[PDB]
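A.B. asks: Please build the complex by placing chains F, V, D and H on the supplied structure of chain Z, with the hints as guidance.
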Amino acid sequence: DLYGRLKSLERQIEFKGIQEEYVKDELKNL
Amino acid sequence: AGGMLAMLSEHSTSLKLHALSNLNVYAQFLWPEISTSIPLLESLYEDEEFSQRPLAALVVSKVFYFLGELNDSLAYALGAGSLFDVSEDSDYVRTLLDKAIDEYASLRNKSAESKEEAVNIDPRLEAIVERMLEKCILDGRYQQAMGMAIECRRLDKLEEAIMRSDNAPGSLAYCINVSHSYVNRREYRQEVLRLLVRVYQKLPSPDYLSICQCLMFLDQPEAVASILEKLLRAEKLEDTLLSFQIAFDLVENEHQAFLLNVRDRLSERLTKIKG
Amino acid sequence: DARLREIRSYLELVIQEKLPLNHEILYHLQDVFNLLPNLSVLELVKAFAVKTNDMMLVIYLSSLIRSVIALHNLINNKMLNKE
Amino acid sequence: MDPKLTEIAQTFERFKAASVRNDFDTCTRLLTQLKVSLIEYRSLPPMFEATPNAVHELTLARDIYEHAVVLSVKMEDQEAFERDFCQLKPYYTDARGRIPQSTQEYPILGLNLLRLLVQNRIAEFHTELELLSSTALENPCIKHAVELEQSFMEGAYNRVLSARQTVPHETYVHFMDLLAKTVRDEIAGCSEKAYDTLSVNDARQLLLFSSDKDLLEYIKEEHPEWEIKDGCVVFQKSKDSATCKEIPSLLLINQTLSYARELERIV
Amino acid sequence: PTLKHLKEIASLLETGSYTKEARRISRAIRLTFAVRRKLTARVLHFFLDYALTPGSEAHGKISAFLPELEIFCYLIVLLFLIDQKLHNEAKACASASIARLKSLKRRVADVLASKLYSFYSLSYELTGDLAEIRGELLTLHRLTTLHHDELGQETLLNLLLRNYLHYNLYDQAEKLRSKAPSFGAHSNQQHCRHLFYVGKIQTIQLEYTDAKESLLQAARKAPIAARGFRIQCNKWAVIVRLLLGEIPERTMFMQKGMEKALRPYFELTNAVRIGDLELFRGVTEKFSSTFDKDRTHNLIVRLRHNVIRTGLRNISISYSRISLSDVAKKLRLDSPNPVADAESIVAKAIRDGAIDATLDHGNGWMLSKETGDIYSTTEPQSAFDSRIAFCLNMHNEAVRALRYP
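Protein chains in written order, with the numbering used here: chain Z, 1 to 30; chain F, 1 to 275; chain V, 1 to 83; chain D, 1 to 267; chain H, 1 to 405.
What the hints contain is simulated information worked out from the structure, not anything from laboratory work.
Where is the CB? At the ideal position from N, CA and C, for every residue including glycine.
Please note: incorrect hints may appear among the correct ones.
What the hints assert, rightly or not - With the C-beta cut set under 8 Å, the calculated list includes, among others, these residues of chain Z facing chain F:
| no. | residue |
| --- | --- |
| 1 | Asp1 |
| 2 | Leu2 |
| 3 | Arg11 |
Unchecked claim - Reference listing, derived: stretches of chain H covered by chain D, where coverage requires no fewer than 3 residues with Cβ under 8 Å from a Cβ of chain D:
| no. | stretch |
| --- | --- |
| 4 | 300 to 309 |
| 5 | 336 to 344 |
| 6 | 353 to 361 |
| 7 | 366 to 379 |
| 8 | 390 to 400 |
In isolation and in its complexed conformation, chain Z is listed as follows:
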């Protein structure tokens, strides 16, 4: 498979993107 490397890379990047709001929430709750 060749297109899988891009689709999986996009999935992980999108998942890490929400980490911004995740951290921002604790940065205020903390």
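C.D. replies: Below, chains F, V, D and H alone, put in the same frame as chain Z:
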């Protein structure tokens, strides 16, 4: 060079087009001088009497590419029509094709949210994405053509890419995996799965299990009951064992409402399948 | 500002002839207007300029001193990081 | 010999004949347009192909753009002049190693310098002087432009208006008159700020107006704000300008608002 | 020991490639430069044989002129070629080295290539062929820009500033700046040139206010060892400061080692500081040849205008009232009509506002506005500072934004 820009100001429209072609060959080196004179090249693209409008548009689009303004570069590249060849291995063409696919996928995604505003997709942008999908299909890169077809929301080109693939079962298993991992929208995931079921039925050796799994994600018990009834009525012992294997694999997924609805719709083997 | 706009609305009301006013409160509004200092007072303008310069150069002191301490702590952080 | 080259050279001969005839456009327009277009396009082609006929084409392009600039000057069109010379410049910069020096280079360069001085584009003027060689600076036209800039910077407006008489070539007279108008405007601007009142005799003397009615007409049209009382021009000096710390208080102090609030809100 | 150092540098480069640590390659390049003065042709060919298998097409091509490792050999040989003044061979070896660079598709080649870009052009200046590179290196920046190669993205742009400045394409040099994206300060020297190349252009194009900062910005970061670059950073900062109306302080003219460099620059300010143009002509004429070497001569002509102002700054403040004829005489104008010119000179000076003064031409007497006690220094005092303090609060926060604690 201010000599080619001066030739564009002359009334010999054909000679002005020749100066524009001279600046095109030289666009890579002379873009900082040409950028000051964009309004003159835009006026030559707007002029209806000029036979070489596509060449003016191509010079403008190259200048915007070197300026870093990819959106305006794309609008003028779409204006160049036949002079923008998707076959050319130029860094300019690759970056504009990538941007064209991204803008096309963005516009298609929005047009599917707003059921009430048909965002007028430029037919020129669609024609470039078509030629690129056809190039990927001709190059034997079916997995890339399938990825692009899924992003572009074009079911017809997804069917074309699967039917031309040398490895139909591998392409279909890849499509199922991509549809579950990347397609966030339920409605669009169901449309892709309904297309896959239609493609699986056209194959000379239908993988009835992959069909039944796709039909179970679609909540369509009618189609599964019809497949099981066709396999049960077959004279071959192999088709009967395959029907029992499908029944065990359906039960392993534990969707009770679906299993009861499949059972109740079934018109010794039948007693074994009901068990 | 909203209070001024409300007084203006009530003045338009008095103009139309719907609501009058208690002499005392209209007196008070006229008093507020009367005590309005002239914002165009020239010597008073230099007074502004002088106080502004003095306060902002005090703030300039404060910024300089914070520069001192913050740079000191950054250098100490570099020390602690290398060690 | 390419037949296109011969036809285009014939059209250039026709264009030069029309220019000598001072026939702006019409059939003269047609011939001029054709010649200019062909020669210019050929020589200036950003491509500048190393064809065996390249040198002739580029030389003809240079001559065509020279004549186009000259015609633009005759037509008093600064925009067409600027366009034609900006197009001549690539021939004057990168093609200098391939073409013999033209006798019309220096006058046209000096004319561009004069236009820049008139437009008050002193930065571009000095950058162009930078781009010029020492030999070109020695040219009477370029040296004349340099001396005119020296006088204009020095304020020797009398020298500028006197050198209007020492103009070496007729094509300059137009830009020289425009420079004189600009110089008079600049002198008026300086006078308004300098003197509260000016005697009409002195007003004429500084602006070098031949007749009283000339100064009166100039004052009436260009600067109506000037009041003529008892034979002296009353310059209506600004309410608060030359004096320092004479600006608005609320605005300065609210500038301090911006500073302070934007500063600590970060804190 | 030269061969042993070459072997150790090669091992360092191999380790950096395996560990993907560009700092490793940086230290290897520093050591390679530390061995430039001991470069022997026999030892270099021995290193080539040790690192290059005998028979390699790259090995044969390298030996004929006498990925990372194949490129790296080109690094020293090209330097030695210029070291031997064989710029023609360095030209081909530069193109030959780069021509290999296009084929290699590895990110670890940015630092090795980036150094090559510095040396690739350098042969061309020594050969006088910087104009034949605009069609060569620019796409090389395109590849670096296309590959997101930040190190190559910056280094190639500054050379674009250098090439266009060396050919005086200053109408085009600013064209680059408006388009080139601001790449992070990953290179201390290169960005200084990017910071400084803007400093030269800013000096050239009259954006002096922006000119001083970027002129200081690079000089703020200029390395001590690059005195000439410091001096070049310090030579240009001087012109703008004189072009800014603010004379640079004498202290910059006593920095150790660079004093011989600024000797023409110090005397130029003093005449400006004295406000006399006669010594300006003498100082300018004697060092006109030296000034020609810097090409900032065009910046020189403007200085008299401020020098005229600088003389004006003395006269108006140090003398309450003196006739216009006295104005030009102490200015020492060789003008046939000093009466009108000085009168005119004040007109521009009055229009420019350089002096609190008024003219009396009916009496031919100039009236410098009482510029001693005057009034509040404020409104401009209290506007000047805030830009500076506001710079600190960001800059203090700049330290704060860099505060890890």
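A.B. asks: Give a verdict on every hint.
C.D. replies: Hint by hint, here is what the structure shows:
Because the closest C-beta pair between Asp1(Z) and chain F is about 6 Å apart, less than 8 Å, the hint holds. At its closest, the beta carbon of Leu2(Z) sits 5 Å from a beta carbon of chain F; the interface hint therefore holds under the 8 Å criterion. About 6 Å separates the beta-carbon of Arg11(Z) from the nearest beta-carbon of chain F, less than 8 Å, and the hint is met. Here the stretch 300 to 309 of chain H counts 3 residues with a CB under 8 Å from a CB of chain D, which clears the bar of 3, and the coverage holds.
Given a C-beta distance limit of less than 8 Å, the hint that chain D covers the stretch 336 to 344 of chain H holds, as 5 residues qualify and 3 suffice. Counting residues of the stretch 353 to 361 of chain H whose beta carbon lies closer than 8 Å to any beta carbon of chain D gives 5, which meets the minimum of three for the stated coverage. Counting residues of the stretch 366 to 379 of chain H whose beta carbon lies closer than 8 Å to any beta carbon of chain D gives 6, which meets the minimum of three for the stated coverage. Restraint check on the stretch 390 to 400 of chain H versus chain D: 3 residues with Cβ-Cβ distances below 8 Å, three needed, restraint holds.
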